[PDB]
Amino acid sequence: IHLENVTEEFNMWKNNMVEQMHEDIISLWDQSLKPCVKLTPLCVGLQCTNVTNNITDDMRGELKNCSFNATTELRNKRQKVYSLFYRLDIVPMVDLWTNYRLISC
Amino acid sequence: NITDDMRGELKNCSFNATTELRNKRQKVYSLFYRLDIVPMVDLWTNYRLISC
Amino acid sequence: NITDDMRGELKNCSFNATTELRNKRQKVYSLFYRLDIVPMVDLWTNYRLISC
Amino acid sequence: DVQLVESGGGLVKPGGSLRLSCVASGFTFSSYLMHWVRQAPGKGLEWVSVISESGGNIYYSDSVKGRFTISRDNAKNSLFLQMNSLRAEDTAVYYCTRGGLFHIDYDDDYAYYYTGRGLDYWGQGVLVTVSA
Amino acid sequence: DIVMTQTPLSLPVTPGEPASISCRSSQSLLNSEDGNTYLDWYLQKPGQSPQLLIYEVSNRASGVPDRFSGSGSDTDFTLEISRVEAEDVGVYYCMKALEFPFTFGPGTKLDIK
Ligand SMILES: *[C@@H]1O[C@H](CO)[C@@H](O[C@@H]2O[C@H](CO)[C@@H](O[C@@H]3O[C@H](CO)[C@@H](O)[C@H](O[C@H]4O[C@H](CO)[C@@H](O)[C@H](O)[C@@H]4O[C@H]4O[C@H](CO)[C@@H](O)[C@H](O)[C@@H]4O)[C@@H]3O)[C@H](O)[C@H]2NC(C)=O)[C@H](O)[C@H]1NC(C)=O
Ligand SMILES: *[C@@H]1O[C@H](CO)[C@@H](O[C@@H]2O[C@H](CO)[C@@H](O[C@@H]3O[C@H](CO)[C@@H](O)[C@H](O)[C@@H]3O)[C@H](O)[C@H]2NC(C)=O)[C@H](O)[C@H]1NC(C)=O
Ligand SMILES: *[C@@H]1O[C@H](CO)[C@@H](O[C@@H]2O[C@H](CO)[C@@H](O)[C@H](O)[C@H]2NC(C)=O)[C@H](O)[C@H]1NC(C)=O
Ligand SMILES: *[C@@H]1O[C@H](CO)[C@@H](O[C@@H]2O[C@H](CO)[C@@H](O)[C@H](O)[C@H]2NC(C)=O)[C@H](O)[C@H]1NC(C)=O
Ligand SMILES: *[C@@H]1O[C@H](CO)[C@@H](O)[C@H](O)[C@H]1NC(C)=O
Ligand SMILES: *[C@@H]1O[C@H](CO)[C@@H](O)[C@H](O)[C@H]1NC(C)=O
Ligand SMILES: *[C@@H]1O[C@H](CO)[C@@H](O)[C@H](O)[C@H]1NC(C)=O
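So the protein lines, in turn, are chains A, B, C, D and E.
For the first sequence, position 99 (counting from the first letter as 1) is numbered 99 according to the numbering used here, and the numbering increases by one without interruption.
For the second sequence, position 8 (counting from the first letter as 1) is numbered 113 according to the numbering used here, and the numbering increases by one without interruption.
For the third sequence, position 6 (counting from the first letter as 1) is numbered 163 according to the numbering used here, and the numbering increases by one without interruption.
For the fourth sequence, position 48 (counting from the first letter as 1) is numbered 257 according to the numbering used here, and the numbering increases by one without interruption.
For the fifth sequence, position 62 (counting from the first letter as 1) is numbered 403 according to the numbering used here, and the numbering increases by one without interruption.
In case anyone wonders, no lab produced these hints; they're calculated from the structure.
Just so you know, even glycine gets a beta-carbon here, dropped at the ideal spot from N, CA and C.
Heads up, a few of these hints could be off.
As the list claims (entries may be wrong) - Each pair of labels, with its calculated beta carbon distance range:
(1) 147(B) / 79(A): 30 to 38 Å
(2) 186(C) / 271(D): 46 to 54 Å
(3) 239(D) / 116(B): 52 to 60 Å
(4) 152(B) / 52(A): 19 to 27 Å
(5) 428(E) / 147(B): 39 to 47 Å
(6) 114(B) / 192(C): 19 to 27 Å
(7) 453(E) / 316(D): 52 to 60 Å
(8) 152(B) / 62(A): 18 to 26 Å
(9) 342(E) / 77(A): 51 to 59 Å
(10) 116(B) / 284(D): 38 to 46 Å
(11) 49(A) / 133(B): 27 to 35 Å
(12) 225(D) / 209(C): 49 to 57 Å
(13) 79(A) / 116(B): 40 to 48 Å
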């Protein structure tokens, strides 16, 4: 409904709709991720080497071929898993038979 | 240096704590109050925490 | 003493159970129905719980 | 009384192959890391390679990758090193050593413990000569 | 990428007097996971396989006389012997032990004047 002859003072930086939108987006984000698989069993050292595929000049060291001993469906078993991680997702670590670990662990 | 009133009230307890990595363990020492320590016989360890 | 219609219906299964202490295990056994477990191939074990 | 005795050395022509065997006694073989180190005549010590207790994790020095393969048999309490495509630069006395103590704590969710002691006990040494 | 060097390649010492063998790493050998520095010292007597003298920067190996003592910073290390006898001379090697790819330095010859 257009309001003819109605002048209203606005202030976009004092608008509480922004604060509500912010809180609603964060809350929905957390609600979405809460009932999901946690990766705490993967906070182990990784044995990482250079990717053996053809690497362009700008991808040298960006992506690494990492391997680790992950848990399985059963508590008493382990499996060796190979995966490619971006350098940004791993950090150097000194260990016996490993080179890197996940940045957030 | 422990006075007579505090004999047996504190113990220097060694244990293998978990750490950031799932398959690593961190050997640590801590001082616990006697009221928080309950005896166990075991073979290597001497006590466990009262609520475990 | 198992009757003719119960042969293989119930199994006596042993396993390494956890305990109230993280660094100790208890060897236990229990009777499971065949419908609760499925065959598994391993060095020391031969069944797992059907839903795991 | 920790003992390590190497055998299987001798003279091999360049391009051939030779397998050394280190027999250990006095300790549980499956509990310790095993290392090979070599010393060329007139040179200092050169680290060659290490094999884990299970044999699942193997690492070689860059100078010996490809040409050397390390393996072990815990039931027989012995360590093997298979050399291929030997070069004149590979003439050396080879030694096997015991590494640190590695333990898998089964009760503690198969946790890993390791105590390092350097290269600990060293063997007698076996000479491999590459020449023709 | 990590190498070891030793300045005193020839260090004759009067028997019965103290001596020390220095060693430098091209990179820090400190392990940030536990704060320990991993560096071993070995001695190869003529005609014998090398034996372990010191494990880690300052931990003496069992069976080693108490006269041998290691010390050092993350990159600058010294092995000191309070008195050197004929039984304590031969070729010394500095071995890095932080990263798994272990290497040895050029070594030094300790002898008797
Ligand atoms: C991550 O998890 C995986 C999965 O659990 C782990 O992989 C296991 O690794 C071990 C060690 O490599 C492996 O065990 C071998 O399995 C072989 C299957 O055929 C066996 O044949 C082998 O036995 C040989 O080696 C033993 C070593 O002592 C000897 O006792 C035995 O007599 C055999 O010896 C033969 O082989 C050696 C080779 O060196 C040779 O010198 C001898 O002459 C002889 O020929 C082992 O039992 C498991 O099978 C792997 N598991 C799976 C499912 O494949 C991995 O190690 C884990 N990683 C980490 C970091 O923990
Ligand atoms: C619960 O866990 C324990 C520990 O992992 C298991 O013990 C294992 O039991 C088997 C029984 O056959 C042992 O195998 C035997 O080992 C001896 C070793 O000398 C060998 O001579 C025999 O021929 C046979 O292979 C096995 O070694 C033992 N494992 C360990 C690590 O000690 C137990 O079986 C598990 N229980 C269940 C129900 O899964
Ligand atoms: C990452 O490394 C693994 C291990 O080397 C590679 O997987 C092996 O690749 C070879 C071929 O190069 C196969 O013959 C093996 O069977 C593979 N092994 C396993 C366990 O998968 C993997 O290809 C590498 N990936 C990249 C992109 O380099
Ligand atoms: C904490 O863990 C260490 C390592 O597992 C335990 O020390 C080991 O205990 C066994 C007992 O059989 C000894 O054989 C090992 O030699 C010990 N390790 C070392 C490196 O010497 C220690 O007992 C554990 N402590 C607690 C309180 O659980
Ligand atoms: C991996 O790539 C980086 C790129 O900078 C290079 O420095 C490194 O030496 C390479 N490593 C191997 C093992 O190829
Ligand atoms: C440790 O404290 C207890 C307290 O009951 C005492 O009986 C014991 O003698 C004390 N031990 C030592 C070695 O001081
Ligand atoms: C267990 O009972 C089943 C019943 O069909 C039989 O086939 C099997 O051989 C029996 N196994 C043992 C070990 O007695």
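How the hints compare with the structure:
1. 147(B) / 79(A): 30 to 38 Å: 33 Å, holds
2. 186(C) / 271(D): 46 to 54 Å: 52 Å, holds
3. 239(D) / 116(B): 52 to 60 Å: At roughly 36 Å between Cβ atoms, residue 116(B) and residue 239(D) fall outside 52 to 60 Å, so the hint is violated.
4. 152(B) / 52(A): 19 to 27 Å: Hint violated: Cβ distance 53 Å, outside 19 to 27 Å.
5. 428(E) / 147(B): 39 to 47 Å: 45 Å, holds
6. 114(B) / 192(C): 19 to 27 Å: 56 Å, violated
7. 453(E) / 316(D): 52 to 60 Å: 54 Å, holds
8. 152(B) / 62(A): 18 to 26 Å: 51 Å, violated
9. 342(E) / 77(A): 51 to 59 Å: 36 Å, violated
10. 116(B) / 284(D): 38 to 46 Å: Holds, since residue 116(B) and residue 284(D) (Cβ atoms, about 44 Å apart) stay within the stated range.
11. 49(A) / 133(B): 27 to 35 Å: 34 Å, holds
12. 225(D) / 209(C): 49 to 57 Å: 53 Å, holds
13. 79(A) / 116(B): 40 to 48 Å: Roughly 41 Å apart at Cβ, these two residues keep to the hinted range, so it holds.
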